[PDB]
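Enquirer: These are the residues of each chain, in order.
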Amino acid sequence: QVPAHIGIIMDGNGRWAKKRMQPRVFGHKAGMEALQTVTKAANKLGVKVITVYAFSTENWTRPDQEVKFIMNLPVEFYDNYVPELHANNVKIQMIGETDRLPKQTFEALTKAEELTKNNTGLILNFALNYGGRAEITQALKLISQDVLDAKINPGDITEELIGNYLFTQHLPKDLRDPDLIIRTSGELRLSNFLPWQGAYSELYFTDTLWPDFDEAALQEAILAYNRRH
Amino acid sequence: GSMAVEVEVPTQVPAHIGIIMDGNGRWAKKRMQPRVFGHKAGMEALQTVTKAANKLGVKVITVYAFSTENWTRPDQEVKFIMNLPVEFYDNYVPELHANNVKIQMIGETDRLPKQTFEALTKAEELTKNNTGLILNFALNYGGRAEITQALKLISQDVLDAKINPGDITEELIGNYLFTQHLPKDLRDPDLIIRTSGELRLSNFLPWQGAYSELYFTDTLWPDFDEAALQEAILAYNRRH
Ligand SMILES: Cc1onc(-c2ccccc2Cl)c1C(=O)Nc1ccc(C(C)C)cc1
Ligand SMILES: Cc1onc(-c2ccccc2Cl)c1C(=O)Nc1ccc(C(C)C)cc1
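Chains as they are written, first to last, in my numbering: chain F, 1 to 229; chain X, 1001 to 1240.
Check before you lean on any hint, since a few could be wrong.
Said to hold, decoys possible - Below, a list of computed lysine to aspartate or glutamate pairs in the DMTMM-like style, where the Cα atoms sit at most 25 angstroms apart:
id: 1; chain 1: F; residue 1: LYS173; chain 2: X; residue 2: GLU1069
id: 2; chain 1: X; residue 1: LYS1152; chain 2: F; residue 2: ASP149
id: 3; chain 1: X; residue 1: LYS1162; chain 2: F; residue 2: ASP149
id: 4; chain 1: X; residue 1: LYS1059; chain 2: X; residue 2: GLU1124
id: 5; chain 1: F; residue 1: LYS18; chain 2: F; residue 2: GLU76
id: 6; chain 1: X; residue 1: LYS1079; chain 2: X; residue 2: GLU1108
id: 7; chain 1: F; residue 1: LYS111; chain 2: F; residue 2: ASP79
id: 8; chain 1: F; residue 1: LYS151; chain 2: X; residue 2: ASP1167
id: 9; chain 1: X; residue 1: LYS1128; chain 2: X; residue 2: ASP1110
id: 10; chain 1: X; residue 1: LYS1051; chain 2: X; residue 2: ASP1185
id: 11; chain 1: X; residue 1: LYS1162; chain 2: F; residue 2: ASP156
id: 12; chain 1: X; residue 1: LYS1055; chain 2: X; residue 2: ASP1090
id: 13; chain 1: X; residue 1: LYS1184; chain 2: X; residue 2: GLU1171
id: 14; chain 1: F; residue 1: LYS151; chain 2: X; residue 2: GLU1170
id: 15; chain 1: X; residue 1: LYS1162; chain 2: F; residue 2: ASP146
id: 16; chain 1: X; residue 1: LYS1184; chain 2: F; residue 2: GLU58
id: 17; chain 1: F; residue 1: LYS151; chain 2: X; residue 2: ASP1157
id: 18; chain 1: X; residue 1: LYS1152; chain 2: F; residue 2: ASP146
id: 19; chain 1: X; residue 1: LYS1152; chain 2: F; residue 2: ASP156
id: 20; chain 1: X; residue 1: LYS1079; chain 2: X; residue 2: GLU1069
id: 21; chain 1: X; residue 1: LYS1152; chain 2: F; residue 2: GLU159
id: 22; chain 1: F; residue 1: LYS151; chain 2: X; residue 2: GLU1044
id: 23; chain 1: F; residue 1: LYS29; chain 2: F; residue 2: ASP207
id: 24; chain 1: X; residue 1: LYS1152; chain 2: F; residue 2: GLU160
id: 25; chain 1: X; residue 1: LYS1029; chain 2: X; residue 2: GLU1077
Please keep in mind that the hints were generated in silico from the structure rather than gathered at the bench.
With the hints as extra help, turn the sequences into a complete structure.
Expert: Printed below as a string of structure tokens:
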């Protein structure tokens, strides 16, 4: 009675900070608290995957001081969240052009992956330096190279093959596509998040800002989802 | 205690609108009519919306007329749907042409019945010089299948040394999608409307619609009129 894979666009961190007379960066720290709550609660509820839109390709255009702060969050606050998620049997993974992340950020995410790699509970999947069209492009580029290198023929080119070349290929086969996509902070649009995988997803929009998105809010999103069927 | 006064307010009209025309069958069944009666009523709604959007300054309307999954519906229902542009051509096309509307289609349109394809081709050829709104029918269309065929064509061009794999970019992919014949700055919908209360993605323009505004209404497609389109444009204006 729960969606197996939930995609989340965690909007409203800056707006939340602003409403509280705090610098925008504080909102992103508060967003980590909300994700911790949602990840733990979704794991208890039976959700298999959460893919979060943690950092888009367009987020690099934000002020340098803001990007640096955001990139430092898994580095500085690793001990505050990761051991607890691991104790909760949560598996941490990432998708995106993650090689372009600062050395320390990549190291912090890799350390968290390696720690939780044997965990059998919910997969918390971070979309980092991620863009949907860029993901499809790199898949379509690789398939072309494989075709040119005779590893596959052009008759092998199918929707199923494309799915195996997307960043989501490492998720179990039946769990690659989100059943539900949640978007907070009232924006009614996808912003290049999982365009291929989310082509049939149910969509849930809330005016609730991401740092305020808790267990009760996730239970509402799940309740609405089950009412769609 | 209030007074009715008109105000001059600047509103941005979306250049390209995508529409998933859901609720034809629900509309007909509600009126104790067979589902097929609803699809005929859907033609009336599209005529109203197309003419009104053309006057409003909308450049493109891409409608989800027939998906790849719609072939699974009962044979007599599919046959009736396929016959609509064949039998009712004179009822809509000359009027759209008189309104300077350009008719186009996207999808695996070679798989359409001979008569259907002929009726759509006749409408394309008639309106090909028209400079107003482009009414673009997505027929035998699936988003993932569209992306797949674009790769099938791209890999073959790499193999034939027409392009190298380093030429593979987002811009190139856009030139291989079914929407390639729309002017380059108009290929992507600015707004996607979905009627009949479903809040879901249905494999409609996944690449092109990646940044679109989304508008959902409980209004059934045959009941979607000018006032309803104006509300959707109104909603689009109040976004980020
Ligand atoms: C909540 C939460 O639970 N665990 C993490 C985590 C995951 C991997 C490494 C370190 C941490 Cl703190 C985590 C979290 O919010 N991580 C996070 C925070 C910010 C970013 C930036 C790089 C966009 C990336 C990951
Ligand atoms: C409104 C409207 O205005 N003109 C058409 C039209 C467009 C092309 C050919 C013939 C017609 Cl009647 C039209 C319309 O509803 N066309 C239509 C209706 C149904 C179908 C089926 C095959 C899905 C395909 C096209």
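Enquirer: Run every hint past the structure and note whether it holds.
Expert: Okay, the hints, checked on the actual structure:
no.: 1; hint: F:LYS173 / X:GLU1069; result: holds (22 angstroms)
no.: 2; hint: X:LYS1152 / F:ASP149; result: holds (16 angstroms)
no.: 3; hint: X:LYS1162 / F:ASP149; result: holds (16 angstroms)
no.: 4; hint: X:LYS1059 / X:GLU1124; result: holds (16 angstroms)
no.: 5; hint: F:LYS18 / F:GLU76; result: holds (23 angstroms)
no.: 6; hint: X:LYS1079 / X:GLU1108; result: holds (17 angstroms)
no.: 7; hint: F:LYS111 / F:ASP79; result: holds (11 angstroms)
no.: 8; hint: F:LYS151 / X:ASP1167; result: holds (20 angstroms)
no.: 9; hint: X:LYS1128 / X:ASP1110; result: holds (19 angstroms)
no.: 10; hint: X:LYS1051 / X:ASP1185; result: holds (22 angstroms)
no.: 11; hint: X:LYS1162 / F:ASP156; result: holds (21 angstroms)
no.: 12; hint: X:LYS1055 / X:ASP1090; result: holds (22 angstroms)
no.: 13; hint: X:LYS1184 / X:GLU1171; result: holds (10 angstroms)
no.: 14; hint: F:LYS151 / X:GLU1170; result: holds (24 angstroms)
no.: 15; hint: X:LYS1162 / F:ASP146; result: holds (17 angstroms)
no.: 16; hint: X:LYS1184 / F:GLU58; result: holds (22 angstroms)
no.: 17; hint: F:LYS151 / X:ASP1157; result: holds (17 angstroms)
no.: 18; hint: X:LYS1152 / F:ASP146; result: holds (13 angstroms)
no.: 19; hint: X:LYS1152 / F:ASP156; result: holds (9 angstroms)
no.: 20; hint: X:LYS1079 / X:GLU1069; result: holds (15 angstroms)
no.: 21; hint: X:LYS1152 / F:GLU159; result: holds (11 angstroms)
no.: 22; hint: F:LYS151 / X:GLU1044; result: violated (52 angstroms)
no.: 23; hint: F:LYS29 / F:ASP207; result: holds (20 angstroms)
no.: 24; hint: X:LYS1152 / F:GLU160; result: holds (13 angstroms)
no.: 25; hint: X:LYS1029 / X:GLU1077; result: holds (14 angstroms)
In this structure, only the earlier hint numbered 22 is contradicted, and the remaining ones agree with it.
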